[PDB]
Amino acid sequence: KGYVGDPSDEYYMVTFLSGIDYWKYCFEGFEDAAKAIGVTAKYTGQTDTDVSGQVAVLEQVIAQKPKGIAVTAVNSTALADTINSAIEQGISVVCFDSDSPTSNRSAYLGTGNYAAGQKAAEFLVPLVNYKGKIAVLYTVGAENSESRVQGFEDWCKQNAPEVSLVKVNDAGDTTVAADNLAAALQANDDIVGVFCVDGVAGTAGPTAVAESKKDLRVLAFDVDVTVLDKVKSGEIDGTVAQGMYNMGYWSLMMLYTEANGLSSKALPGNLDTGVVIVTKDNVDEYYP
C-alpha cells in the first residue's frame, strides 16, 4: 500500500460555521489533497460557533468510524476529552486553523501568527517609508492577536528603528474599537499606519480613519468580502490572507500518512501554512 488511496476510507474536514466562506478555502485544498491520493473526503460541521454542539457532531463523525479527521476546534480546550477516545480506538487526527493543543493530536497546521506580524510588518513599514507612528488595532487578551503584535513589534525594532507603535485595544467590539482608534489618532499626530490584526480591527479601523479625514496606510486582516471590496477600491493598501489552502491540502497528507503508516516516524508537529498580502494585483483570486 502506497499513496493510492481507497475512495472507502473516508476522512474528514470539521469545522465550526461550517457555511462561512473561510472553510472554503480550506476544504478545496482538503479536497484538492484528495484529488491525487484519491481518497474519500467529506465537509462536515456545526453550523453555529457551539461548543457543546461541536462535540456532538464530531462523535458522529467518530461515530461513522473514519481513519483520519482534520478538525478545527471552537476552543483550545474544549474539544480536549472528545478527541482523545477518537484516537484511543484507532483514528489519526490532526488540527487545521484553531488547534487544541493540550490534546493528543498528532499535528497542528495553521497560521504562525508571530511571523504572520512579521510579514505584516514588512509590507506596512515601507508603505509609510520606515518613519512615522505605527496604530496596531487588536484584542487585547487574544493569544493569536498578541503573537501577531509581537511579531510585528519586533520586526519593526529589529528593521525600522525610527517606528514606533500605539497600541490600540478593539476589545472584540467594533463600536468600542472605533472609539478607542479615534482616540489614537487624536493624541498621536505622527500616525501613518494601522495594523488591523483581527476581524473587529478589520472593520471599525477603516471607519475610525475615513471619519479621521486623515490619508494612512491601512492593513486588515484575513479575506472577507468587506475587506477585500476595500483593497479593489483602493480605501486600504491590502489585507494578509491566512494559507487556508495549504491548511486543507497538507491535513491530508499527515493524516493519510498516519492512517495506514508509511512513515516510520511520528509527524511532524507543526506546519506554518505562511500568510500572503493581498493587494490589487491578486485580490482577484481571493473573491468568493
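Numbering follows the first chain given and starts at 1. What changes on going to the form deposited in another entry:
Hinge assignment between the two forms, with options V240, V136, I91, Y256: the rigid parts meet at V240.
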The other form holds:
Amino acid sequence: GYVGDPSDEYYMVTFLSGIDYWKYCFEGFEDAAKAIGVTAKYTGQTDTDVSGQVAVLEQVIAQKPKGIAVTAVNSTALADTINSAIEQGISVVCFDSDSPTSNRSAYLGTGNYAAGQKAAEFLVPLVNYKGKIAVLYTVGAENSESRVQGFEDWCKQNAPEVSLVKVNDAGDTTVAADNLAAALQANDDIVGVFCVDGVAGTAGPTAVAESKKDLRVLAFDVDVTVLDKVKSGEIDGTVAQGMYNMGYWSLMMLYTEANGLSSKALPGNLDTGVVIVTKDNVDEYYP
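Please could you give me the other form, the form deposited in another entry, since above is the form deposited in one PDB entry?
What follows is just the one chain, with no partners and no other molecules.
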C-alpha cells in the first residue's frame, strides 16, 4: 500500500527554478511524500534554456528515481527525454506546464486555455470592450501559449473591437520589460496588459509604470510585489494558481503508478483551479 520506503525518491523538476512560485509547488510535493514515507527531491533549470532543462532532466533520470513530476519549459522539446524516462521504468507526470505529445501519464495544473478565457472576461470589460491588449508571455511554454490562445479566442468571439499585441517575455524580466516597452512605443492604441505568467507579472507593471501610461493590468501569480500592486490599485488584479495541490497530487499519482496500486492507468488531468485576486481577497494570499 501507501507505506513508503525513504530510499525511494520522487523528483520535482522545473525551469526558472529559483523563483518563489516553485516553493509552494514543492511544499505540496514534500507534504505528500512525508505522509507516505518516501523522499521528495527538487531541482530545475535556473532560466528558460531548453537544452539546459533537457540536461537537468537527464541528470535526474540518471539517479533512477521512482517518479518525476516535470513542468516543461517548451511544449515539445522535452518529450523524447520524458519518453526515455518512462522506457527506463520511471513514472512521469507533468505539472504546471504540459508536454502533451509525450507519454507522460497525467497533467496536473491550471486549465490554461480556460484561464486565458477567464483573464479576458476580467480585463476586456475594464477597457470597455475596445482597444488593443498587450499579452506578455513566455513564448514556447505550453501553459503560456494556451493562456494566450484562450484569451485570443474569447476576444474573437465576444469582443470584436479588441485586438491583441503579442509580446515575448523570454523568461527574463529585463528582456520582458524592454519588449513590452517597445510594444507600448509602437502601439498607441494599447489600453491593457495581460501578464500571462510570473515573469510577466513582474516585468509588465514595471514597463507600464516607466511608460507613465494609465492602463488596465491583470498580473499572474502571487508574488508579494504583485499583491502589493493589487492592494494599492496600481494594477487591477492577478491570477492565483493551485500551486500546492499541483505538487501534492503529482506525488500521490506518481507513487500510485510506481507501486502498481491502481489497476488502471492514471487519470489524465487534474484541474487545480484559478482564483481572480482583487482588493477584496488579496490579503488571503500573503505568506
